[PDB]
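One chain comes next, on its own, written as structure tokens: the form solved without the ligand.
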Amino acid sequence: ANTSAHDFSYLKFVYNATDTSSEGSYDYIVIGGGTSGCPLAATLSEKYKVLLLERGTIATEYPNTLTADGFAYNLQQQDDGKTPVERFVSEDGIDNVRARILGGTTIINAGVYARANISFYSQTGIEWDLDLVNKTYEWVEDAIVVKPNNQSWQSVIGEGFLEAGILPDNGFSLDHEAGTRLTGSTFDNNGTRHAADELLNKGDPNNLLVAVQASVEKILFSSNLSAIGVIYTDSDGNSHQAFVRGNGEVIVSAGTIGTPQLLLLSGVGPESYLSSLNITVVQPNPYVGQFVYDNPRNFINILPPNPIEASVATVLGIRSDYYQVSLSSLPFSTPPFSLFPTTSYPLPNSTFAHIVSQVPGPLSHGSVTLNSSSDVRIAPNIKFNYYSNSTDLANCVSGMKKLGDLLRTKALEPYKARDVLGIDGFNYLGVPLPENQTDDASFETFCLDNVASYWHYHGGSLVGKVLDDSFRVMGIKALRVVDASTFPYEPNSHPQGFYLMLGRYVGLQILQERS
């Protein structure tokens, strides 16, 4: 991509769910207009009639989702039930967010773009067409990814990472590789956010209908079981149904949280569990909503004596055991929800730099369960079980030690408040790295007590547990699942790139079958 305005041309075929027919018929129904849903929708409409169903509204309604500068704003904004950010708390007690908007989490994220680690393909076991994977990345990148310009704070952390030993220097690259690099962004060089919603512009406007403020509450089934259609409600509280045509399919792309939720409500999940809630079992499947993962975030905040310019994350320090990045920010009197793990967290009075490490995997996991057994608009229960696996914890320790090395660099020295020898010359917001304390146990305590969400949560409808190699729900015809719920491990440090590619890639697979 180059600099241009967010392209809203697709609005010519976006309708409020209140204005759709009571009973619809399409070749394809895509539930959830997010990261995978949008390009899958657009792709299938090249040839067939597609209905895309999104519970949120359109991003024009929320202007702060449209700029690089607006990132904190949407997180700070209070959740009223219609806003683009939906707040929740895991049962672990860590604050967290998901999207509720057309374009999905790409409309609210930090804009970091990367391709999957090339070892990911062989690790899964799926026979990926790697040529086509690449062409599909190229298609996303041409539409919404730029090579970012220089930002001074990112250039400092760039020199710090090299100095601290995060080698080699990869230059500018979109590939997930060991070492330091400038990567891509879906924020353009004029501050404008580009997102999955713009990929709708690649669709055929006479094949694709997008319905917004559509809350999909049930998948509909025949009595050789098949998905036949969906029930959705509109903003007026009225019910609508939509059915698939011969050889067409329902695709669930409701995300890590919404997919298991929808499947469970539709009677696809653990049998004795669904029976305890008086839901009719259509397909017993023990793994619907199991193996849900959230990569932990651990961080420090430095307050420099001189002001620093605000920046979006573009520069990455990759090792096999920890993925590091940094953001610099203006001060605020209102906390951006889930930037810090709870609400009782000190407020910065000046510019600060948020310096962050991510645990790969992770190995720890929990579940998504129903809270309401009938209402999709009531959030499900989610538990991540942060640091129940000891390999996760060790990896956090390693990452935190690397952050110490980063803070000892000459590159970071001018941002110290006091010119002493140690890292206590920095002023901090919140908890410093264990001060003077060298041994592993101090880091472990730091990791466990100050963990945040990295927001890259995945799983709950896994390939191999619920899905086959082609993303079909096992035992059920004409049903697929395509979003972040499909994999038990991260494809790289920043997964939007992979899930954008996956929306289209699965679409092309489907279109090849129809040939």
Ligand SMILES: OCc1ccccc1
Given for the second form:
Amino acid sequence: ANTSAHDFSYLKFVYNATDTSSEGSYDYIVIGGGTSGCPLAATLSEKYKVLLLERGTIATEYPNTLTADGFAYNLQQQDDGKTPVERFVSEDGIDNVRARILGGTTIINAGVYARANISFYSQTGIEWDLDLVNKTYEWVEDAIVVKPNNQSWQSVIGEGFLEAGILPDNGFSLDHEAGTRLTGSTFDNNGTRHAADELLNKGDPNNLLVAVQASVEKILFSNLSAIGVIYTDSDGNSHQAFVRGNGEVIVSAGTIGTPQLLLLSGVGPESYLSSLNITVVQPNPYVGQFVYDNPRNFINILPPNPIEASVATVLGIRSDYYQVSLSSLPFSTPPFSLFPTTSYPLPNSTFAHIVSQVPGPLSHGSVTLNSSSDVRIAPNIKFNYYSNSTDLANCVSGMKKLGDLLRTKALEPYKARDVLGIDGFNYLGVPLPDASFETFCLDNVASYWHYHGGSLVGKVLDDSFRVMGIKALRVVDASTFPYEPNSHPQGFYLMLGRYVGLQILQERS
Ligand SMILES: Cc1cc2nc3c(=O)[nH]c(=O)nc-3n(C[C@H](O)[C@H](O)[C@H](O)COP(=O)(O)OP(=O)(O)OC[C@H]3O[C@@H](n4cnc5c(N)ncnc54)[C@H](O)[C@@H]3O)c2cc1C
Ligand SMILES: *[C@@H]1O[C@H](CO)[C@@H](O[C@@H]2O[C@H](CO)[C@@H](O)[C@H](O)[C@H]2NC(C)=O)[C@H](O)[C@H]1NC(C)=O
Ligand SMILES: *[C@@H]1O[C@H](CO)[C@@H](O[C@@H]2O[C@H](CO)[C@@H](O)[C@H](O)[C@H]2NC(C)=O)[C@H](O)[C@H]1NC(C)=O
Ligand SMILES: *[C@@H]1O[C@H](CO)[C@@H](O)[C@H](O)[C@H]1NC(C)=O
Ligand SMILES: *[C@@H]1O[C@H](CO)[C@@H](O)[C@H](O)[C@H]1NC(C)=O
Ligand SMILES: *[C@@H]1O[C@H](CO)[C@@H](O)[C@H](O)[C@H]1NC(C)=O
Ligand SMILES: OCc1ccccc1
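Can you swap the form solved without the ligand for the form deposited with the ligand bound?
What follows is the entire complex, opening with the chain shown before.
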């Protein structure tokens, strides 16, 4: 793609759920207009009538989502129930965020684009059409992805990774490969955000109807088949929508949304649903189970001279750790989730946020219901950070190479004092301390935001993403896989939306 404004042509078929029919009928119903939901609804609309339902509002109502400068603002903003960012604290005690807006998480993310690790396709066991996967990537890339310009700090970090030994230089590539590279960005060179909601423009306007502020409460069932959905609007009125012959309901509500909805619909572990007075429709002990979040571990350096704020574009990739940095302006209001707690020091000037990601992870928790009736009340979530010791070992290696990174001649001009050690840097929060690095990771863990699981392929779904037992029901979002496709997963899930959509249209033909 090239540099342009955010395309809002799709708004002609966007309605508030208050202005939709009491009893609707469509060929396909997609729940959650997010990273996978938006391309899925658009792909299916090329031949059949599609309803896309979204609990959040349209992005124009919150303009700071549409720029690179306003990334922190959305996290800084108070969660009133209507805002595009929803705040939650996991049972682990770590602050986190999720999207509540048309376009989904792509509207509020750091904008880093990357294609999946090629080994991911083979290790899943699913028989992927590799040629179609690549064409789908190109389809996403020609719409919302650009080659980023040179950024002073990002180029410093890129030069630092190579000096630290993360080899080789891959140059500009979208592929998740070992070494250092400039990757793709969904922020354009003009600073305009380009997200999943723009892929709705690529679907047929006569077939697709998008309903914002549509709080999907329950999936309806009748051999067991999914017949439709119940969703409530701004006014509180219940609506019903149903699928036609050979049509399907697909759940794209996310890692948190999808398992919560499935459990509310009576699809989950038997004894658990019975303990909540929910009529069990389909027993499956894996709904809400196996929920993962990759650990973020970080250091903040405060350079003596001001540095230009930048979007994350240059990645340092190894098998056991994924590394990147983001330079930011200072703030008096803390951006929620960026740091694990609100009890955290505020930056006095422009700072560099330098992070490392643990692959997997092998540590897992669950999504469980807090309310047995209301979908608007957020479910309980636990990740069990570093419950597995291999994840802690992978952090140790990552902190060591971040240590190596600070020792580079590339990052040398950003030291406050001209001293041999890395204490020459000024730090916001906790600096780098073999047993000493274990404690640093356990105490100063943040969420990388790349959480996945809850409705796994091979546990809840088959190899074609259909929920086991139930006919005419599928799940396409981040809840589907137990491990990461790459360091930054949006690119995979944007592709996955169209991919499954194209597979469904193949079946019908
Ligand atoms: C702050 C942040 C920064 C990130 N940075 C990057 C990055 O730089 N690069 C990258 O590749 N990835 C990044 N990620 C991770 C990545 O964006 C997500 O893992 C991914 O987009 C999840 O997509 P999804 O489709 O599964 O869920 P979403 O995109 O969230 O889609 C789900 C949609 O369903 C809606 N919904 C939920 N329940 C219901 C319901 N009952 N009825 C109707 N609608 C419902 C939600 O409001 C949401 O809009 C970031 C994530 C966060 C939070
Ligand atoms: C360059 O950046 C600016 C700001 O991101 C864009 O200005 C927006 O333009 C649309 C109409 O095209 C308006 O609805 C918005 O209100 C503008 N935003 C702001 C913050 O002023 C501009 O479109 C971008 N241009 C290109 C070619 O990418
Ligand atoms: C911004 O805040 C940091 C917070 O610590 C200050 O960094 C310290 O600076 C002194 C020298 O003035 C060092 O002896 C300390 O070791 C630094 N602390 C850490 C944790 O690294 C920094 O000085 C502040 N900025 C300004 C301009 O005063
Ligand atoms: C798919 O894309 C990757 C790079 O993204 C390339 O190396 C590979 O050869 C492609 N495969 C096919 C089957 O087109
Ligand atoms: C890609 O995935 C494989 C497992 O399928 C893993 O061993 C490898 O480390 C990954 N590559 C990178 C560069 O992370
Ligand atoms: C970590 O996960 C692996 C999965 O292969 C498993 O063998 C082991 O039980 C876990 N280890 C710990 C220490 O929890
Ligand atoms: O993934 C890039 C990133 C990491 C941490 C904070 C902001 C952006």
